[PDB]
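Chemist: Each chain, written out:
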Amino acid sequence: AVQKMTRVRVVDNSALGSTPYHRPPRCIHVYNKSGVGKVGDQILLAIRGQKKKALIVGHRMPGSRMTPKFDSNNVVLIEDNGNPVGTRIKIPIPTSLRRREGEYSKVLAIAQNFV
Amino acid sequence: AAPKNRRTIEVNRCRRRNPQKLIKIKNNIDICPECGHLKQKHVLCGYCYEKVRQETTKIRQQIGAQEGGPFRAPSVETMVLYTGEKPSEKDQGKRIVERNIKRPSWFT
Amino acid sequence: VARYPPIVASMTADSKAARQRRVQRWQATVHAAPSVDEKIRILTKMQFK
Amino acid sequence: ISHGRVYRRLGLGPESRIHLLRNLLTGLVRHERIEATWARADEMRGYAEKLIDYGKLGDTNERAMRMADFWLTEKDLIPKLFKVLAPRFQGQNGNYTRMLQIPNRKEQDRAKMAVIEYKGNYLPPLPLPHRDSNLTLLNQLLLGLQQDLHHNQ
Amino acid sequence: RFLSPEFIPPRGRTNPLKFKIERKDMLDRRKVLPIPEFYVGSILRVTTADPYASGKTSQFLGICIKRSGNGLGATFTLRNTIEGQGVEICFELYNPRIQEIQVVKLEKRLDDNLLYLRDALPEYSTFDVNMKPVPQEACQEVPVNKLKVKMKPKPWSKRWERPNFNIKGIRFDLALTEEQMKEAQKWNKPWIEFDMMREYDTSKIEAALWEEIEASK
Amino acid sequence: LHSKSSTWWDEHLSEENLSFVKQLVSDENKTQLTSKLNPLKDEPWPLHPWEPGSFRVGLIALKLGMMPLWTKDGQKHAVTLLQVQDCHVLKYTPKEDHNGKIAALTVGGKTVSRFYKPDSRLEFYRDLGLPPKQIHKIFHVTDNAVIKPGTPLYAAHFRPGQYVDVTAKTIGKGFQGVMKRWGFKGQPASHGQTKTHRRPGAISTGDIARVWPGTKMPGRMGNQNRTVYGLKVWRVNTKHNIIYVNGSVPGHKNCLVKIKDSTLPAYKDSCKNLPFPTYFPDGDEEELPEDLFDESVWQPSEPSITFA
RNA sequence: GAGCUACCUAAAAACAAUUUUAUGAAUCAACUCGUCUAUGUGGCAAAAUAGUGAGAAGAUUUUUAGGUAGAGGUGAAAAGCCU
Ligand SMILES: [Mg+2]
Ligand SMILES: [Mg+2]
Ligand SMILES: [Mg+2]
Ligand SMILES: [Mg+2]
Ligand SMILES: [Mg+2]
Ligand SMILES: [Mg+2]
Ligand SMILES: [Mg+2]
Ligand SMILES: [Mg+2]
Ligand SMILES: [Mg+2]
Ligand SMILES: [Mg+2]
Ligand SMILES: [Mg+2]
Ligand SMILES: [Mg+2]
Ligand SMILES: [Mg+2]
Ligand SMILES: [Mg+2]
Ligand SMILES: [Mg+2]
Ligand SMILES: [Zn+2]
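Residue numbers (the authors' numbering), protein chains in the order written: chain L, 31 to 145; chain 0, 78 to 185; chain s, 41 to 89; chain O, 9 to 161; chain Q, 74 to 290; chain E, 41 to 348.
No lab work stands behind these hints: they were computed from the structure.
Among the hints, a few may not be true.
To be verified - Quick list of the computed label-pair ranges, beta carbon to beta carbon:
#, chain 1, residue 1, chain 2, residue 2, range
1, Q, 260, 0, 147, 34 to 40 Å
2, 0, 127, O, 158, 28 to 34 Å
3, L, 51, Q, 279, 55 to 61 Å
Yeah, the Cβ is synthetic: ideal placement off N, Cα and C, and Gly gets one too.
Please construct the entire structure, taking both the sequences and the accompanying hints into account.
Modeler: Following this line, the structure appears as structure tokens:
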């Protein structure tokens, strides 16, 4: 459950998410009518003095049975047009992104591993 | 918050004589068959119970003298005998408490 | 093969038997003191009338 | 909202509750008949019944000895539990303790009082409530009804 | 005789009939799908069909860290680390889309709950995905793995050193000073283990169930 | 004393007759219940066909508990188990004598003891020839659907695929504050609040110089009759008379509930394909399977669901 | 009226352990004070309790007896203290 001011991990190969500038990116906004962000929910990110959109692909909060609970809050950086900023994702991504309402096919194309 | 007016005896009499504040009459009081004293149906007769414990204290007092000290409880069953009684074969190997008085009629 | 606990009084209870056991606990410290000075020190450190 | 909870709140806290109950249980085993407040006697009755079950397990059982050691503060009672009380209650599967309400306490707190004992003890019998005899008017009419139903199929 | 935990009824005011109805459905599923014996700490491989995909199943391998639930709702959680990312999935035993449950390695651990593995080093949670099952011996007891894991820096998901958790599978000496172990024991509640009214005896209940399960077979 | 005394059924019974009375009462319960097993052979009231706008009688059931249920699509549904125990029609009031708009039927369930009951209730049941029931409830039933009193009602009355309405008393939570009763926010824990954390704020405005009726205040919560609308029936167990109802039902386990066809507009006329007065096992035109299922439900013992 | 309090005179007392360039040094008890918060608000108390804090070999603290008196006394000045 990502909220405002939560520290999140950029699970991507994009330059902005690299370990330099150790300060973790923090959530500024959750694009939901509730402010709670779950898997598949977009958020606005404070990263390296920039404001960038990100998509939640994993979090530590328990979900419904038969679904993966991760050890970190993961996100992928998204361009304003909606194209992913990074070109590869190596960490496992839950398969539930496929069905839920939204535009997630672009991200799934980038990720080899699904869990 | 403090009272704005003195409360009249007319109002006060209605508060403290309301049926909710009265003592309820009890319908469970009965007379004991053996002793003829009063008791409640669901409660043990206090006169008859008074007899039992005072005999119990006499028995326990005798037990204390025999043991003579703390931490001397037997590892075998106990039995109480009154003057004019002798242990039976089944009574063998059981602590015997001796009472000067005769066997109470109710005690068997 | 039953290991019953020893029949001794409580160490901490408010009773005469319990206090006597606490007395023996203090006295054991004297029996276990190697030097004669410690035995006298333990035996006399508490002042009463 | 204390729905479904099976304990009274007694003493200075949960630990104090156990110790207050433990003291009553220790007295019950020694004397076999104890007076306490009705609520406290009811609280300790369950422990009194379960203690006999641990005694039945046997002298050699390690868990029984540890349980007996904790609950019986006066350690002379532990031999009594395993060698006196448990042998007495071998036939029964339960209901070892008898608890009855005694008239209220005459001590200005007017506490509701009870007497708790183990069955089969050596003390003078309590004045238990004796049901009516079959010779009473109502019983005879019912006895007549019973005979007819049994005899007539 | 290993009785699966779900069959044991929890104490309460519920009617026993509610459990008979649930058991009949549980046993019927066990005929279609065989649910193997396993314990917390054993490594399991579970095959499940994905509704998102079409007729395409998925396999997950991990160590079982918790068993919970009774009746048809029984669940178990198993953990693993994949490309350096820890993942846990909670599985419903009787979910119709579980194709198979395979006990890759049957073993028991010092504790019946291994949620502290989240705070332990990654090695203790990483398991090879393609590892083949190890043989098991019927004429034996279940091997009890007595490994005591090493924990990472003190900030943990829970205060495992605290007496309530009753953890016996952590190397506390390496991670905690003797004073900290002393300071923890202020939470000890020693009277808990000795009060006889908090113990639920299921021996007779477990016994009666065993023949009933066998009788239906 | 020449005064009133309290009595109970056991007061004057001896040990020997104490067991005899219990067996005697238990025996009579069995005889009376068996006598009512065959309604069709006991001068049943005329059977009428279903017509649009009809309302059937409902049942009273006991709340057993909950379990998970799965459908052929793999979705999991929490379901509550409702058991019909000794449900019988007791009293009928014609349209005029109850409410000009519709007639009423009283239905009771859950046989109870006869020892601690008022004589008026015992007299009512003696004429009806039934053992007493724990609860009576009233069902509005159209004239064509009226059923003779004393008729046993069974869980197969309802059928899977049917939506239903359940009403029961909610769990009683006692006296409660505004935070728990009405979801009030309360006050901050820190920053100087003086003995105000869970309190109501301002009751009203000062101008009216009074408190409005209906103002939300601390008070006893729960233990009120509530209804849940539009719960599907997933399956019925004929052997034990268990109805499987979607979702939650008001009340605690082992509590009696009232179950009747849903009054929601979408399910306006569902009685068309259900036993119109009720389901009569006595007729036994075809003996029903032990368990009845809804089509979507994935039955246990079926092959594992593969989304092919 | 200085048995409280302010200052002074005489005769006395107390300061563990641990470090230190050897001291109006450091850490921290006893002891002295009273920072911040909650409680209490006819209270346990006409100024307290519970925590949290400051000093703690010194311009330190404390005991006994004496002294200065209202147009006055005392004051590391708060116009503070003098039952
Ligand atoms: Mg209660
Ligand atoms: Mg946490
Ligand atoms: Mg649900
Ligand atoms: Mg309640
Ligand atoms: Mg709040
Ligand atoms: Mg507050
Ligand atoms: Mg007005
Ligand atoms: Mg002076
Ligand atoms: Mg010093
Ligand atoms: Mg200094
Ligand atoms: Mg300091
Ligand atoms: Mg300093
Ligand atoms: Mg000064
Ligand atoms: Mg100034
Ligand atoms: Mg000024
Ligand atoms: Zn009497």
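Chemist: Next step is simple, just say for each hint if it's right about the structure.
Modeler: Right, here's what the structure says about each hint:
| no. | hint | in the structure |
| --- | --- | --- |
| 1 | 260 (chain Q) to 147 (chain 0): 34 to 40 Å | holds, 36 Å |
| 2 | 127 (chain 0) to 158 (chain O): 28 to 34 Å | violated, 44 Å |
| 3 | 51 (chain L) to 279 (chain Q): 55 to 61 Å | holds, 59 Å |
Checked against the numbered hints above, the structure violates only hint 2.
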